[PDB]
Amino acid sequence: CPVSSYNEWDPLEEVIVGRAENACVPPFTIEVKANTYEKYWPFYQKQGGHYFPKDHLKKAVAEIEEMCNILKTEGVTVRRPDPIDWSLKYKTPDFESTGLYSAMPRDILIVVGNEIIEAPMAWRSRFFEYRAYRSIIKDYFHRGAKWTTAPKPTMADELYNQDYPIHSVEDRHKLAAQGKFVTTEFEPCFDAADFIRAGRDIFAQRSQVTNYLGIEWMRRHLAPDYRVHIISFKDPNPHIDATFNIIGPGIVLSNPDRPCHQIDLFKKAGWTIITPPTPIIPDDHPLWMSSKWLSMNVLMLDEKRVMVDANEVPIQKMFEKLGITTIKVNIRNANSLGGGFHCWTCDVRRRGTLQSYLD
C-alpha cells in the first residue's frame, strides 16, 4: 500500500511537496483579515486577487526545487500537486472568489494509517484547492489506499462572525482566550494542519479555521482506533505544527510564546518538552502568512534526521546537542507564503507501525 503513516517521525519514504506557482493573494475578507498581521492589511487590500509578487514567487520555486532534490537524495519519493492557475474566479451558490495556491499540502491533506483525508478548509479562497491534488490521490486509491473527503462546507456568511472585533493581534488573542474565533459552529470546517499525529493519539486545537464541529467530525470518524484530543495554548495561532510540533516518541517542541494549557498531561506521560530558541529571521523579510516561528516548523526524515532552515543557526545547534542530524535547506522566500518544512509537505508513507506513546 503506497499510503501508510501513523506519526510525524518514522523513516519517511514518500512525501508530497507543494507548489509556489501561480499563487494568488486571497481577497481581503473577514476570515483572511483574522489571520493576518496589521502590517500586511494594505497589501491584501490592494493586491487581493492578483498574484503574489512574481519576483518573489520565482525565488520560492527555486528554493522548493532544491528541497525536492535533497529529499530525493535522502531517499524520499517526491510527488507534487498539478500546476493550476489560482487566479480563476469561481462561484458557488453561497459566494464567489478567486483561489490561493497549492503550496501547503499539510493544510489540506492528512494521512492516518492507510487513509488519506482531504480537509474541508475554512477560507473561501481555498474552496477548490483539492483540485491540485486529485491526480496523486486517485493514483494512491487505485493502488489500494483508503480515501476520504470530510464534508465540504457551504462557507455561507453563517460560518463567519461578520463582526469579529479583530483590529490588531491583541484583539484576536483576547477573543481567542474567550473562545471567540472568526468561525462559528454553523458547520464543520478545519485545516488538516491543526492536527498533529502521535500514533493512536492525534492532537487538535480549536482555531480561526478549525471549529469544534470540525474536530468532533474527525474524532467521530477515526474512533475507536484513534483518539483525537483537544489541547489549547496561550496566544493561539492556527496550525498546530508551529506551536506544538511532535518530533519523536514522547519528544515535542513547545513554542515558548504559546505555552500549552495541558502541558501537565504530557509531563505526567514522561514526555520531553523542548523549548526551541528564538528565530533569527529579519523583521524586514515579509511573511504574508504565518509568524517567525516557522523555524520550529521542522520536518523529521526520521527520529535522528531533521530538515531545518539553513539560516536558523540557534535551533540547528539545539538539534545537534540532542544527537539529531540537521539537514539544512534554505527556504527563506518560500516561508513568506506561510510555511516551513512541515507545512510545505505531507508525508504519505513512513516505515513503521501504530503504537501509543501516551502510554
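Residue numbers count along the first chain shown, from 1. Each form is matched to the other, and the largest set of C-alpha atoms that superpose within 1.5 Å is called the rigid core. Only residues modelled in both forms are compared. What changes on going to the form solved in complex with ligand ORN:
For the residues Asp82, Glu158, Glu96, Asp171, superposed on the rigid core between these two forms, a C-alpha shift of 2 angstroms or more shows up only at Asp171.
Where the rigid core is used as the reference frame, consecutive stretches of 3+ residues with C-alpha displacements of 2 Å or more between these two forms occur at 168-175, 177-180, 236-238.
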The other form holds:
Number of protein chains: 2
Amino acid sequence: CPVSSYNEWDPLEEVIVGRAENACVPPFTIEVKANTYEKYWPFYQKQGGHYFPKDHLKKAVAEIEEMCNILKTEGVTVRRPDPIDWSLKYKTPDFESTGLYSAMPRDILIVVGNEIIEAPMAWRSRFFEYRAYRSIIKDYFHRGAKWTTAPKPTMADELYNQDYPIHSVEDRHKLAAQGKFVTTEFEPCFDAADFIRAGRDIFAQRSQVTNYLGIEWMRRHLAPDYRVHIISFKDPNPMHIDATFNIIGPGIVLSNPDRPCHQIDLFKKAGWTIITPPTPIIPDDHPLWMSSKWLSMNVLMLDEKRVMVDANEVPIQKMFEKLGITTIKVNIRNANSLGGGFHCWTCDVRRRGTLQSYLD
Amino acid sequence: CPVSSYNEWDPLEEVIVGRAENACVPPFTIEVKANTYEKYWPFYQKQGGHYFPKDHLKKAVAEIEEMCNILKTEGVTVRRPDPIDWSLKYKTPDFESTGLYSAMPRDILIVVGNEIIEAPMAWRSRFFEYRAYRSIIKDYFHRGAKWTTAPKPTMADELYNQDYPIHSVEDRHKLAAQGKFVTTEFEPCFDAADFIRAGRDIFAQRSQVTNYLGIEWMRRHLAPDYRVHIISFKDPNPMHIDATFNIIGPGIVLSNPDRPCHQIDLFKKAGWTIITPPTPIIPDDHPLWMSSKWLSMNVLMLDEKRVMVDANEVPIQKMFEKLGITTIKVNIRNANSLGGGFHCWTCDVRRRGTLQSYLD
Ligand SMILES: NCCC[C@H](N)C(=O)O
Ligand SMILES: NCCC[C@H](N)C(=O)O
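What does the same protein look like in the form solved in complex with ligand ORN, given that the last one was the form deposited without ligand ORN?
Full assembly next; the chain just shown is listed first.
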C-alpha cells in the first residue's frame, strides 16, 4: 500500500518531486495568454516552442537536487518522473502543440486515499504531460494502488473562450464573479492543484483551468466518501489554489491577503484558524514566468510541526517559528521561475495517518 | 438516470448504434497483422490508410439505417456517434497513425450499472476513437450518469511483442496457452468487448487486445460490487468475447463450438444452459476483413424472448425459434465486413432491470 494520503499535513513518507529538465515555453495560445503578465508577453511571443533559458534551467536543476537531498535527510522517500524532451510537437485530431514540462507533479496528480488520480489538464501544451509519470504510477499500481485518469478533453476551440478580455481589462473580475473564465463548460477539464485536501473534505476552485464540469466529475467520482466543496476568492486570474488557500494542519489554513475567500465564514464557524502570511520579499527583477510572487506561501508540510519553506523568505520563516513550527529552509529561487514552490514541485504519495473529518 | 444496464438481456430501452461512414483500413502494423487472415494481407498492404471500398460502405450504411428503423419500431431509443473523418493522421509522442471507424460501440464503451466506461483500446489506429462518442457521453453525464475513462496507454513499441509469430504458425495456441499474445504487459490495455456482463459477475478474456493488467484494472476499479472473472477458450487469435461466449439470458449462454471454454465446468456446476449454435452459412466469397464467420451468434437481445438476428442465417433462426425466442430478422451482410454483428454494432445504454446474481 505505497499510496495513502488523506491531507496535506500528516507525517510525510513518500513524495514525487518534479524535474526542470527540458522545460519548454508553451505556444502563446489564448489559455496561456490568460495566465501571462503583460511584462512577459514578448518572452512568450519569441520563445514559444523553445526551451526555457538553459542557464536558468541548470540552476533550477541544482536547487531541486538539493531539495531532494534534504527530503531524504528528513526521512522521505523521493521518486522522480522520467526525463523527457518537451519540445516534441504532437498532433491530435483537434489541435497541434509542443509540450511544457513535468516540473509540477501537483498540477497533474492528486492522491485521495489509496487512489492516484491523473487530472485531464486544460492547456494544450500539457495534454501529454502524464507520460513522464507512468513509470512511477504503474509501479504503485502493481503494488496495490488504485489508479484513475479523469476524462481527457479534446481541447478543441470550443473549450476556450476565444474572445476573453485577456489583453488587460480587469473586468475579468466581473466574469470571474460570474464563474466565467477562459475555459468554457464544453467538456470536463481541471488541474489537480485547484483541489486541496482536508481528509473527508476537499476544496476546489473554479479557475482558468478548472471548470464546473471538471469539479462535478470529481465530486461525483469521489462521493459518498469525500465531499468536494467549491470556494472562490478575489482573483482576476485564478489557476491552482495552493498559493491562495494552503491548508497546513487540522483546522489551520494560510490565506493569501491579496486573495480573500468569499466563503471565509464557513471556516470561521468551523473554528478554523486563518493565518495571513506576510508579503513575499522576492525581488521584482527576478523572472516569474508562470506565477505571482506568492509562491512564498506555497509551503509543503513534512508534518504538523515541520514545514519546508523558502530560505530567502525570512518574514514567513519567523511567522512559522512563532507558531512552534520548525522551518526547514531550502533555496528554490530559480525553480520558482517555472511556476511553483514546494507544494507545486511535489506530490505527497504516502503520509502516515487516517481518514478524518476536520470541519466537524 | 438515462444510463442503467446490468446485463445483456433485460428489456432494452436505449442503445447507441455505430456508423460505417468514413471507415479507414488501419495501417498494417504488428497488432493489425495479428488479427488479419492471410487471405486479406494484400488488401491491407495496399489499402492501409485509405477508406474501405466506398461502394461497400454505402451498402453497410443502408443496412444499419434499416436496423435503426427496426429498433425504433421495437420501442428502442437510438443514439448515433458523430460523423468523423477517420483518415486524419495524428501523432502522439510515441507513434503516428490514421484512424479506423466508430462502427463498433461495443469495442470501446461498456455500461456497468449507471456508469459508462470508455475502454483504453490496444490498437494505434483506435487511439482517438472515443472522440466520436463524447457528444452522447457528455449528455448522459449532464443527466446524472457516471463517466469513467480507463487509463489511456502510450502504445509505445514496448506494448507490442514485435516478434510475435503472426506470419502463420499456430503455436500462437502455445503462447495462447501461456496467456501470451501480441500485446505485452507493459501497461494496461483492453477493448470493452472482451468483457460480457451477467449482473454482479462480468467475465473477461485475455486476448490479443486485452492484457492481464487491463483486466486487473477493471477488477480493481469495479470491486467490491462486481466480480470480474477471467475465462479462456481454444482460440489462436482472440479479440472480443461476444462471438465466442455470448450470454443471452439468466443462465443461458451461446458457446461457439470452435472455441470451447476451458472453464465450462464452472458454468455447468452453476446450472447454466450452454447452447452451441449451428454453423454460419455466410458465403466464403463475401469479405470479412476484420473477423471470422462467427458473427452469426453475435446476436443482440431486445429482451429475454426477443433476439435481433441475421436474416440470412436461417439455421440459427430456427434454433432460437425452437427455444421460444422471437426472431427479429435484419440483414447486415455488408456491415459484417467491418467486423461485427448486432452486439458489436451497439451498446446498450439502458435496460429495464436490477442488479442480480445468476451464478448463485
Ligand atoms: N502552482 C501554483 C501557482 C499559484 C497561482 N497561479 C499564483 O500565481 O499565485
Ligand atoms: N467484434 C467481435 C469479433 C469476434 C472475433 N474477433 C471473431 O473473429 O469471431
